[PDB]
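Encoded as structure tokens, the following chain is the form deposited in one PDB entry, with no partner shown.
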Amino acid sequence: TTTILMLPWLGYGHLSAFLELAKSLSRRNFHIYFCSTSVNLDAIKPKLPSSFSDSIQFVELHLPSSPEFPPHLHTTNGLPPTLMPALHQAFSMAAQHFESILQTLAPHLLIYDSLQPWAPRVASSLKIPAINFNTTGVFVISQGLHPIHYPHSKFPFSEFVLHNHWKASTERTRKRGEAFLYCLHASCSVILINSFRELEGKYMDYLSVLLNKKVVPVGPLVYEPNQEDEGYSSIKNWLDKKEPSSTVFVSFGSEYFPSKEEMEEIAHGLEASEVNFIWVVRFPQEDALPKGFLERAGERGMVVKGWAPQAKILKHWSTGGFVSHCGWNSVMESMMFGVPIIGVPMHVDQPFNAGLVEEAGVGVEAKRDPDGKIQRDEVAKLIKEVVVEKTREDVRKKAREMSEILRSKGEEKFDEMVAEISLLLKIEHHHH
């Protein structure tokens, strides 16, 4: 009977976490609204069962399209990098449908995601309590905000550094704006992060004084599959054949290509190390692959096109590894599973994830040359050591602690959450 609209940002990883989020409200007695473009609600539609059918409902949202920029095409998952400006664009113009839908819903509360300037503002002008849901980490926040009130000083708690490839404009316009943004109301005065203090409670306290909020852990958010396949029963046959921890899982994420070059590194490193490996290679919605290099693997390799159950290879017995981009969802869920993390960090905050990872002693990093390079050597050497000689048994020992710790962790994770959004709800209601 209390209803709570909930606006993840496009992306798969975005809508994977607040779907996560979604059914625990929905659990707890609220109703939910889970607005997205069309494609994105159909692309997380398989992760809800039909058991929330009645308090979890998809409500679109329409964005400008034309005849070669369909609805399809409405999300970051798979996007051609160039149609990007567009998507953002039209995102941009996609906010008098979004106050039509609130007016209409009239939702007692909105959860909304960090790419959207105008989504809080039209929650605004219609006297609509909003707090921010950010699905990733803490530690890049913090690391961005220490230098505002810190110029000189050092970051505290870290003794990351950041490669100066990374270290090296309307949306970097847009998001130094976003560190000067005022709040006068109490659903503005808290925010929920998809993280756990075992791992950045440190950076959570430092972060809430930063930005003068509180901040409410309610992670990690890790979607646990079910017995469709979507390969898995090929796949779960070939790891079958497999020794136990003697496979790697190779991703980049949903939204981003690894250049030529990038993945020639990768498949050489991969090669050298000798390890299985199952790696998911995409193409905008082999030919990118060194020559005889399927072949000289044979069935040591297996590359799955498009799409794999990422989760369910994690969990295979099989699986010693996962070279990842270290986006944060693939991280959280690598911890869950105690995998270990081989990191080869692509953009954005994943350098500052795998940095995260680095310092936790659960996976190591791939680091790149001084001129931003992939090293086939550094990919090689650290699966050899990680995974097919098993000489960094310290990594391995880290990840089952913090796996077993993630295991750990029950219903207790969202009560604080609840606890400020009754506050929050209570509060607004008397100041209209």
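Numbering follows the first chain given and starts at 1. Whichever C-alpha set is largest while still superposing within 1.5 Å between the two forms counts as the rigid core. First, how it differs from the form deposited in another entry.
- When both forms sit on the same rigid core, the CA shifts between these two forms reach 2 angstroms or more only at 184 out of 209, 106, 184, 162.
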Contents of the next structure:
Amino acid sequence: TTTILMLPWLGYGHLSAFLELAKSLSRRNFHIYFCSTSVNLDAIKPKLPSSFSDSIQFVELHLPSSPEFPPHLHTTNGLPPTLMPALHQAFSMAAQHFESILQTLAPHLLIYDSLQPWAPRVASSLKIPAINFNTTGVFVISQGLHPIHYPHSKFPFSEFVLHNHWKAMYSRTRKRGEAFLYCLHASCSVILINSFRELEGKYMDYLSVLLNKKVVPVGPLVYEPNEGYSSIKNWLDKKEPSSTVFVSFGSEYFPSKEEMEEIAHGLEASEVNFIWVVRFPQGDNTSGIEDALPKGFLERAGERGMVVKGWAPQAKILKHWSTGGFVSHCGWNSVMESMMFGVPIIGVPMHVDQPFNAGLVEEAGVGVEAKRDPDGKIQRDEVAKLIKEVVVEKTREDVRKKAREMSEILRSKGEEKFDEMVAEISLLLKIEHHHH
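Could you drop in the structure for the form deposited in another entry? We only have the form deposited in one PDB entry so far.
Shown next is a single chain and nothing more.
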């Protein structure tokens, strides 16, 4: 039996994609060692059915710990944004423990995420083949990589233009980009990517050309589940079909009080029904739902609005018939889920790869992006406008139509989605066994 150790990045969204990939390799007669911090393994084990206990084994990775950076903060999930540099640094310092795990378990293959250049380095030193699995899309990577080589040539196939807010943000930055691209470039033989050709095919081909690496799509990797929901469904069941937006900014972003004000006033002016997940970082004692929102906002919204604190059953909400839209930060898993369930996206991207994802959503026609003003600020009138058009007044039915067509395409895919990955792993291991 071929054994695979998988090392995701310490983000819930990355962990989620890695587990869905682990299940698929499970079903193709691979044994999976799933390695992350204990706080991350605690958050992900509930998502793994008991049927995989003999196929998927969780392995603990130790990060350096301090009373001020204790193990329960060894994740991006709810992490204070000012601790994100410490988490990246602590993660790199787990290379020694990672090497000892590889020597103890001696897996035949390492599948590693895009945010740990030390991981392929440790694997090569132990003569273990290592493959990058990139849990996000193609579009960002190629849109970012093209202007470095061809600053005077227009990006092919797209009309997307990056807003000056993110062009300044990503102008330290060089070091993180070089680290990110290294984990793709150093992958052996192929890069596995969490995307599908119906959405990004021509960008996958172009990226393979820019990187001089073979790119293998592993498809949309969407988790589908089988306390919170009961109360929420009772509220949603009283609404009209396709009348309600879900509002979420992911697992590792906390909008500013001023950003929340623009989102809230946009929801108010649109008169839509809404369910809004409001989260606070793990150390915040000073913040609350009423304080975080404009005064009187929820009493003006009345029964049109519901605020969920902490965490919501995102997939179940997106699948409810009353959901007509998704006001989302356009994290990659959120985008894949919304297409899988046929829900139009109202893009409010925030940072990293989200502004690119929003561009791709807009280009694919399965959603619309709320544009920021020239200074990079979210605009309550743009949010209200798009919710009105897409959900309330329904003058943008092309977006619903194309999202539903995309969901039928995705629902039609099966385990053949993983044939190309499995054949490339097979070939790589057969070749590396000869070279010893």
